[PDB]
Structure formats: C-alpha cells, structure tokens
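The chain below stands alone and is given in structure tokens; this is the form deposited without the partner chain.
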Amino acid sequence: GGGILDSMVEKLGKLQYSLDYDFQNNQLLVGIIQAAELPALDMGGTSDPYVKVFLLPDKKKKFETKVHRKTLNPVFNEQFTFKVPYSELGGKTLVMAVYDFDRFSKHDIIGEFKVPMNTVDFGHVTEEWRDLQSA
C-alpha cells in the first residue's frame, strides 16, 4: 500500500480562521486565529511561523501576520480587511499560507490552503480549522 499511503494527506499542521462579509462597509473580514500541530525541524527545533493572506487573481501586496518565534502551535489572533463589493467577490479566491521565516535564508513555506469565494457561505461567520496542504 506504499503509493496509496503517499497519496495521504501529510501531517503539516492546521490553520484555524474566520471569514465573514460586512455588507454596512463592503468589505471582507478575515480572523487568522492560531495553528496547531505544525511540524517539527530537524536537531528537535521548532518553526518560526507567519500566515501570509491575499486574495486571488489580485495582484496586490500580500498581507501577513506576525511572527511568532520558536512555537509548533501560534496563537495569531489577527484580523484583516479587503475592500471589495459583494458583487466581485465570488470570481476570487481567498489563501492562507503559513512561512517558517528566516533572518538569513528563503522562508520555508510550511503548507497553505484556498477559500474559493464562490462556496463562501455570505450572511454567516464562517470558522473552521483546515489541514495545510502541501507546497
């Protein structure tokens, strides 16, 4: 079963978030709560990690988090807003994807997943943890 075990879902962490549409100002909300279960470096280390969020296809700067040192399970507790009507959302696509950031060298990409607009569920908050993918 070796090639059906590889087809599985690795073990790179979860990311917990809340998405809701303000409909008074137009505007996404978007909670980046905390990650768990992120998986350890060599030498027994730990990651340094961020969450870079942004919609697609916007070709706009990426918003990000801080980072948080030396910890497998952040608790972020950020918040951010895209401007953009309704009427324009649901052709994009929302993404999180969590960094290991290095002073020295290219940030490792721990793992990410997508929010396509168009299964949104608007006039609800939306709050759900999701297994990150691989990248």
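Positions refer to the first chain, counted from 1. In this text, rigid core is short for the largest set of C-alphas that superpose within 1.5 Å between two forms. What changes on going to the form deposited with the partner chain bound:
With the rigid core aligned between these two forms, only one of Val95, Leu41, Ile109, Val67 has a CA shift of 2 Å or more: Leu41.
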Contents of the next structure:
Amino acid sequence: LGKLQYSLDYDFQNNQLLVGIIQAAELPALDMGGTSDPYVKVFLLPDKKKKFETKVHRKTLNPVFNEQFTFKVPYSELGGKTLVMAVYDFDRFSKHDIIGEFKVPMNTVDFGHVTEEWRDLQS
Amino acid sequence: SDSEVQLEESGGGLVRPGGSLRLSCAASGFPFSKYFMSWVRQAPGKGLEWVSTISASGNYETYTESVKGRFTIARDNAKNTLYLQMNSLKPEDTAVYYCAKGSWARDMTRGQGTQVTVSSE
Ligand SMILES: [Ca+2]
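Given the form deposited without the partner chain, corresponding form deposited with the partner chain bound:
Everything in the complex follows now, all chains and molecules, and the chain you saw is the first one.
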C-alpha cells in the first residue's frame, strides 16, 4: 500500500501538536494509466473535531506534500489522542478511495525525540 | 495563535532580468526549528501566491512551478533565519516577497515583506 514519511513535534510554548506530512512513496495505482491522485487526510482520534487535507497531487505515486498541520492539544490530553494520516485517491466525479493509512497512538510517542520517519501504510 | 511571532525580511532590490538576489528573514517569538517555513509573494495585479516551503528539518524543499530550478529555499535553525536564493530572475517575478510561518495557507502569518523588482532600465 506504499509508505509515508512524516514528522511529529510538539510546541510546548503554544500547546500545539505539529504534524509534518513530507511525502508518500510507492503508492498503488488507482487510475487508468498506472497512477493515482493522492492527498492525505489528517485528524485526531477519538474526538475528530478538526480535519486537515493536503493538496491533491495529480498523477503521481510518489507525492511530496511538504505540508505541516497543527492541532491545539493541551499537554495533559495529548497522550489520549491517536493521530490518523489517511492517504486517499482523489477523483473528479467518483468517490475518493482510501489507499492506506497510518495511525500513531500518542500514548507511546514520547517527544523525547523528533525525527522524520517512514512507515508502511496499512489498510 | 501567532501573537508572539515576528518575521523580518530583507534583501530586496532591483534586478535586471537574468540576475540574482538572496532574501533572508529573521524569525522570533516561536520555536522556529519546529515549524515548516515558506516564502510567499504578491505580484502587481495578483493575489498572494505560494513560492516555496521548507520542512522544519531543512531537508525537504518544494517550489511553485514557475520558480522551480531557479529559486532555492534554505534555513538556519541555529540562527532562526530563513533564506530564498533567487537566480535567473524574470520580470514576472516582480513582487513583494514575504517569509511566512508554516506550509502554505492563505492566512498564514507573514512578515512585513521585501520588494523585488525585475526590470530592464
Ligand atoms: Ca484518482
């Protein structure tokens, strides 16, 4: 289902969870002609009160989004969240099919380190 | 809320077509090294438009189609500074250039701007 590169950071000064969506690679092809039109939907479980979407990157299986989204999350609540990064195939007329997703449970993220990480997308 | 953010551009000026210019931007009031940063611009007669974004790490750079290959974005997280190297400048590149906090959003926090005019005179 491809791979996603992202970076997770927390601005303690402003109580901001910072989600960098760098790129995806080796995505499956969902359009005729052997390509896709990927974008990423980004939101937090379990409350789901704010969703972001990257730009749509047309006709590519290796989109470089280079976008960053911020969520106001009080520090004491951050460990109860799960970050969802869901990669969709855009289509002009039909429903947008999900390609894959990667979820990050915050109750294991320490922010003891901030890195750019690759993950295999999952169903 | 970016009430504390301060962004200060410099480096603008008049350029002949084909010439080069380097902008810089001093950033204060927020953990600069954690944020993606962007250059955006507003040309005479057009809306604000995205020019380039650099990741917080400085490792990933993206560029609007009309400046690809000609502009380079860079950052120094130790000195909280953002740079835009502009080579092979075109008259269409005339605009107020702004350094901006985050990846592209029409309402993103921006500096005061620096004027870049590309002219044959
Ligand atoms: Ca598609």
